[PDB]
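As a starting point, one isolated chain is supplied in structure tokens, in the form deposited in one PDB entry.
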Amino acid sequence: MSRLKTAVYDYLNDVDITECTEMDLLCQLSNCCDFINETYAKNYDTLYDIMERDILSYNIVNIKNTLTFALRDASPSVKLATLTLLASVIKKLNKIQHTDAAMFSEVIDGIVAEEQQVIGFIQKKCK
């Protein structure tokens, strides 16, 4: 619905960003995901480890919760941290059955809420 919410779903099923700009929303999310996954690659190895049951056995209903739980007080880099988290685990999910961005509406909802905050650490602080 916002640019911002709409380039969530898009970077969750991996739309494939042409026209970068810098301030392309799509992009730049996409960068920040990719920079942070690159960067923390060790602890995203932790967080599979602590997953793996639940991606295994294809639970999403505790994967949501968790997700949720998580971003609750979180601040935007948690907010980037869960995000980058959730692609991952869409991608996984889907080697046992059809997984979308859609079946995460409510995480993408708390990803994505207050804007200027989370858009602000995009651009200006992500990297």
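The term rigid core refers to the maximal set of C-alpha atoms that superpose within 1.5 Å between the two forms. Residue numbers count along the first chain shown, from 1. Compared with the form deposited in another entry:
- Core-superposed comparison between the two forms: the C-alpha position of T21 differs by no less than 2 Å.
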Given for the second form:
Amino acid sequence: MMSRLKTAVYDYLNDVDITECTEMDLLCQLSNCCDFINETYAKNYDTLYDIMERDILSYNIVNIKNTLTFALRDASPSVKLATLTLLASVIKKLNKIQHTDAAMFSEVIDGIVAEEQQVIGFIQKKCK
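Moving from the form deposited in one PDB entry to the form deposited in another entry:
No partner chains or extra molecules come along with it, only the chain itself.
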């Protein structure tokens, strides 16, 4: 891995302090836009989480992968970060139950970072 966005989304998910982020600046904006997202679509996350809660508990890796992949495909930058913001909690509970590396959803991540410039575009100029 290199990219720049992808580096940022890992540290974001594996929850790394600023100043250990090689892409610290981009990281922030990710977390910003994300938080902002998490704000304006609160309903949707609540209902998604409860939905995945059986698969989250139970460590049902496949269903979680399939839930999160449904979204992506030829997604718009907007859902790409929704699914990202989702994947962030999804990973927080998985850590509390068995150490879980972001890399485990590397496919979801690839689906998130695809068309990287359009995504970086969105976090930077828009998502407000």
